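Before any questions on binding or motion, here is one chain by itself as structure tokens, the form deposited in one PDB entry.
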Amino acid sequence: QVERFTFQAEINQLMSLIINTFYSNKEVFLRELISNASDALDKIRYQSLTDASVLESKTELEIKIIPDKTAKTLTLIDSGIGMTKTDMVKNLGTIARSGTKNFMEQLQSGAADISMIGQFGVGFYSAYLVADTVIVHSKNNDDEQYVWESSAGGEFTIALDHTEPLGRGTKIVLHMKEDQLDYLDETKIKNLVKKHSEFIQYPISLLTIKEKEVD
């Protein structure tokens, strides 16, 4: 069963700004999503320093990135703390901090730019610089696996997830814009991932799917 929600007014505005106005360093999205993956890993790691048994659902702490030219998708998977269902509504549909609300005014005035979005915990929405639709699958130790989706337009959905179990963590699937497809190209994505993960302390693996006709 599919459950439907409205973005908080500010999140709608953030998303319109990202979708409808111009910004020339769209590649910032990758920095933001890798940073979010790192933070979720930090969090499970932190818990495990008290109770190593929290890692039982999935023992590796790593990040995987999978460009798929045929599906037109860029997938980023981490084995971080994951989000419960309520985590997901809170984190991907709302703003918590008043600081985040006022940053939104600074941003919308043009005084701040999109690249500082992470300082205010909404770096995720930068995915919409390069993607028309975003799917987030997540699994936290204290809840079931859920799947969130939004193509923006003021609304998002959440459903029980019946796809491949993560064990623990988050998988973000960006359905790429027609014009932003070179982010799926091997050399470009390799360089970008390298550039934007230099201080990340978790292993990051990049997949390359090659497809050749056999003659």
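Numbering follows the first chain given and starts at 1. Each form is matched to the other, and the largest set of C-alpha atoms that superpose within 1.5 Å is called the rigid core. What changes on going to the form deposited in another entry:
Aligning the rigid core between the two forms and inspecting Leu107, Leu92, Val136, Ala131, the C-alpha positions shift by 2 Å or more at one residue, which is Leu107.
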Second form
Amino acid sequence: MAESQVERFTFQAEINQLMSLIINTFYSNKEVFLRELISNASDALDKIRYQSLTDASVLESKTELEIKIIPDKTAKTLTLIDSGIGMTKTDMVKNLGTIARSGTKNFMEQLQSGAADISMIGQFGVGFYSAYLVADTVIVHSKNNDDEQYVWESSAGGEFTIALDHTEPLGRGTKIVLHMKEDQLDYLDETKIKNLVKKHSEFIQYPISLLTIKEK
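Given the form deposited in one PDB entry, state the structure of the form deposited in another entry.
Just the single chain follows, nothing else.
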């Protein structure tokens, strides 16, 4: 018998509206989600790398600076792991949905006016929410040197939860798990995801491993 305390939070109103706009509108090309996942991993890796220049001890929790991308058709998941800075519990509450910058309202306005298309979401400071183009549920496991490992989860609908994480220890970094929508399962096809990772990583300075999971 296991026990966990789970904390439930409400999304900021504009973030809720944005998630609704991302989920309930048709977009012909959703590949930006993968660009944004990889972008966030790279930024997290840069942050810990630069921290290490001024204090080498920050890397002791995990010496490797790398990205792993794991399509799993059986599980209907795409997982992206980085060994970057990671997020504390408070970092996840603040960065993943309780605070909204002015980018949110302006992005929704520009989507509706035609000034911006969905592929431009990262420029408005809300790139993370692009995951909901292709995923019904997003799970973010993260470990920062300053906290225990936590897991954030949301299926949208106005709420997210955060709990102490009892799954595989990361050492340091973030493991984002996208539970893919049925009509978006093609993004788990090995050749398709391999080639898109190539397309969306030309400028990425960290090693990327693609690990395709086959069941039995």
